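Student: Listed here are the chains, written in short residue letters.
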Amino acid sequence: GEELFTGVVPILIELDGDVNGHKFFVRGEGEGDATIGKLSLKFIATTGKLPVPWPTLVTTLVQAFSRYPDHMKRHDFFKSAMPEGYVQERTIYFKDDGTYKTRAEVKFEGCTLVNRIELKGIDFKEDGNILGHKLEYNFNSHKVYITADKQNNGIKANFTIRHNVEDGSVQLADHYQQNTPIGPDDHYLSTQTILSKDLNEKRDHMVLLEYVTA
Amino acid sequence: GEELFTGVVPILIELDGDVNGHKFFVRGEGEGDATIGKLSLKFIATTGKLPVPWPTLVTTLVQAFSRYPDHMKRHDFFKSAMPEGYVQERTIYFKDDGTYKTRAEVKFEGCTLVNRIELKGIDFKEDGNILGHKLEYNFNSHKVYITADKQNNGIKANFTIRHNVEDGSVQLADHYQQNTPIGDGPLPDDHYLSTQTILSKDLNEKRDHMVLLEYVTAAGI
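As given, the protein sequences belong to chains A and B, one line each in that order.
All residue numbers for the first sequence refer to the working numbering, where the first residue is 1 and numbers rise by one.
All residue numbers for the second sequence refer to the working numbering, where the first residue is 215 and numbers rise by one.
Some clues are possibly wrong.
With a Cα cut of at most 30 Å, we get these calculated BS3-like pairs of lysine-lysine [as the list claims (entries may be wrong)]: (1) B:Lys348 x B:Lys237; (2) A:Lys79 x A:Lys125; (3) B:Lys348 x B:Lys321; (4) B:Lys252 x A:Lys197; (5) A:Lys42 x B:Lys293; (6) A:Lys38 x B:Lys237; (7) B:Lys252 x A:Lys107; (8) A:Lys202 x B:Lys293; (9) B:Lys309 x A:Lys107; (10) B:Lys321 x A:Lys107; (11) A:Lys38 x B:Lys315; (12) A:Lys197 x A:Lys42; (13) A:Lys38 x B:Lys252; (14) B:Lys256 x A:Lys42; (15) A:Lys79 x B:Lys415.
Pair ranges (Cβ atoms, derived) [said to hold, decoys possible]: (16) B:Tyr351 x A:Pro69: 37 to 45 Å; (17) B:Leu401 x A:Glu14: 54 to 62 Å; (18) A:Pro69 x B:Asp416: 38 to 46 Å; (19) B:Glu419 x A:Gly128: 53 to 61 Å; (20) B:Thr220 x A:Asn200: 40 to 48 Å; (21) A:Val165 x B:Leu417: 48 to 56 Å; (22) A:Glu89 x B:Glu303: 24 to 32 Å; (23) A:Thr160 x B:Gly262: 37 to 45 Å; (24) B:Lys263 x A:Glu89: 38 to 46 Å; (25) A:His22 x B:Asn354: 36 to 44 Å; (26) B:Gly221 x A:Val165: 45 to 53 Å; (27) B:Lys357 x A:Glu109: 48 to 56 Å.
Over the 12 Å line for every Cβ pair with chain A, so calculated as not near, a few chain B residues [unchecked claim]: (28) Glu217; (29) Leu218; (30) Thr220; (31) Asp230; (32) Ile336; (33) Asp337; (34) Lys364; (35) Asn366; (36) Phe373; (37) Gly382.
Just so you know, the hints here were simulated from the structure itself, not pulled from any lab data.
Here a beta-carbon is modelled for each residue, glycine too, at the ideal position from N, C-alpha and C.
With the sequences and hints as input, model every part of the structure.
Tutor: What follows is the structure in structure tokens.
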């Protein structure tokens with residue numbers, strides 16, 4: 001399915017989220033290029049100020065755009081699932097803090113790639129790093145190891161994101177991933193991310209850029 | 215229909231040309247937006263300096279990216295033919311000179327819109343405006359009158375490009391269009407396409423080329 005990822009591909013991302021009863025919705029549009037890894041998206045919270053800081057949704061808000069090199073093309077499960085797409089399920093444990101349960105389907109709708117996500121977060125501490133918005137507006141580089149899932153015919157991944165916090169400590173988020181096709185050897189995805197803001201935009205937003213290679 | 219023309223669409227253009235025996239090939243790539251009417255393309259002559267000046271190829275080298283406003287959406291024949299596409303057959307008469315006959319298939323091939331063109335030119339003067347490269351590297355604003363052709367289930371168009379000549383004269387090029395859908399399920403009253411075009415060059419680029427930017431909108435009604 002890599003046949004569909006040569007050159008720039010338009011992207012739509014919709015996240016239906018519920019953290020501790022706090023209902024919110026995020027829409028993102030942009031382009032992705034998987035020849036260089038470039039991911040460029042802008043997200044908008046159509047339901048007010050987010051109850052949760054933007055950097056925690058980064059891992060939830062398209063690894064199909066990883067810049068798999070010539071000797072690692074056989075291992076790209078993500079593109080190969082397209083245009084049928086795949087289902088991405090994740091469990092995110094914020095240490096000493098609440099937890100995420102995310103189900104995501106990444107599929108082609110026409111010529112555009114769509115990532116429709118449902119998120120549920122419970123047992124989060126108010127006045128803490130997540131609900132208290134104490135997390136820095138950053139996302140540092142992380143390696144994500146991908147392995148093959150023998151039972152369900154897809155891939156699984158686990159990694160720990162280190163969120164920088166304003167006072168100076170470090171907030172950790174343990175990730176557990178499961179990808180399943182709708183219709184690979186041990187390698188990793190090295191990711192870089194920049195977070196910016198659009199000054200003409202007053203709705204709570206996030207502009208991100210990403211470089212992903214394997 | 216028009217749904218494939220919301221937002222930026224990638225474009226590939228390939229020209230197989232035969233003018234007075236002088237064989238050439240032109241390849242073009244870029245993007246189009248039909249919400250604002252913007253075309254951004256770069257063409258390369260992969261076979262040496264063209265026997266004919268670039269401007270003469272402008273009209274031949276995807277009117278589907280014209281910016282039909284919401285109240286003239288019904289009249290957009292080009293978009294309605296997609297993704298199966300349409301055939302553009304054109305005859306171009308240069309006054310006191312030779313003539314172009316172009317057959318082109320503009321269709322969606324995957325997520326890219328492709329314009330494959332066959333061009334044949336005869337009876338051109340070696341000592342004239344075209345073969346002599348007397349035409350300036352520009353393209354002035356032109357209106358393209360569209361009427362509905364019910365018999366061929368498409369559209370026909372007539373317009374005349376005024377090509378500037380270096381001495382100060384004007385070379386005229388009479389155009390005659392006929393567009394035919396490749397499938398079925400695609401007819402607009404008399405309206406026109408007002409077009410602006412800039413022809414530029416990339417200094418990094420060693421091959422005979424042409425970079426253009428174009429703004430096409432629909433009006434008259």
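Student: Could you run down the list of hints and mark each one as holding or not?
Tutor: Hints versus structure:
no.: 1; hint: B:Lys348 x B:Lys237; in the structure: holds, 20 Å
no.: 2; hint: A:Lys79 x A:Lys125; in the structure: violated, 38 Å
no.: 3; hint: B:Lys348 x B:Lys321; in the structure: violated, 34 Å
no.: 4; hint: B:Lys252 x A:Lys197; in the structure: holds, 27 Å
no.: 5; hint: A:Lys42 x B:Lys293; in the structure: holds, 28 Å
no.: 6; hint: A:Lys38 x B:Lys237; in the structure: violated, 40 Å
no.: 7; hint: B:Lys252 x A:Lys107; in the structure: holds, 29 Å
no.: 8; hint: A:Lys202 x B:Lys293; in the structure: violated, 35 Å
no.: 9; hint: B:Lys309 x A:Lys107; in the structure: violated, 54 Å
no.: 10; hint: B:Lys321 x A:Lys107; in the structure: holds, 24 Å
no.: 11; hint: A:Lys38 x B:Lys315; in the structure: violated, 43 Å
no.: 12; hint: A:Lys197 x A:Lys42; in the structure: holds, 9 Å
no.: 13; hint: A:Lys38 x B:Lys252; in the structure: holds, 24 Å
no.: 14; hint: B:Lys256 x A:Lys42; in the structure: holds, 28 Å
no.: 15; hint: A:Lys79 x B:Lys415; in the structure: violated, 37 Å
no.: 16; hint: B:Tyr351 x A:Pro69: 37 to 45 Å; in the structure: holds, 42 Å
no.: 17; hint: B:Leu401 x A:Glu14: 54 to 62 Å; in the structure: violated, 37 Å
no.: 18; hint: A:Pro69 x B:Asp416: 38 to 46 Å; in the structure: violated, 29 Å
no.: 19; hint: B:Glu419 x A:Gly128: 53 to 61 Å; in the structure: holds, 57 Å
no.: 20; hint: B:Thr220 x A:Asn200: 40 to 48 Å; in the structure: violated, 22 Å
no.: 21; hint: A:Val165 x B:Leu417: 48 to 56 Å; in the structure: holds, 49 Å
no.: 22; hint: A:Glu89 x B:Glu303: 24 to 32 Å; in the structure: violated, 54 Å
no.: 23; hint: A:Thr160 x B:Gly262: 37 to 45 Å; in the structure: violated, 59 Å
no.: 24; hint: B:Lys263 x A:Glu89: 38 to 46 Å; in the structure: violated, 59 Å
no.: 25; hint: A:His22 x B:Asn354: 36 to 44 Å; in the structure: violated, 59 Å
no.: 26; hint: B:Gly221 x A:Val165: 45 to 53 Å; in the structure: violated, 38 Å
no.: 27; hint: B:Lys357 x A:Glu109: 48 to 56 Å; in the structure: violated, 38 Å
no.: 28; hint: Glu217; in the structure: violated, 8 Å
no.: 29; hint: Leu218; in the structure: violated, 7 Å
no.: 30; hint: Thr220; in the structure: violated, 10 Å
no.: 31; hint: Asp230; in the structure: holds, 23 Å
no.: 32; hint: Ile336; in the structure: holds, 37 Å
no.: 33; hint: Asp337; in the structure: holds, 41 Å
no.: 34; hint: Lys364; in the structure: holds, 31 Å
no.: 35; hint: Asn366; in the structure: holds, 29 Å
no.: 36; hint: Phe373; in the structure: holds, 32 Å
no.: 37; hint: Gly382; in the structure: holds, 44 Å
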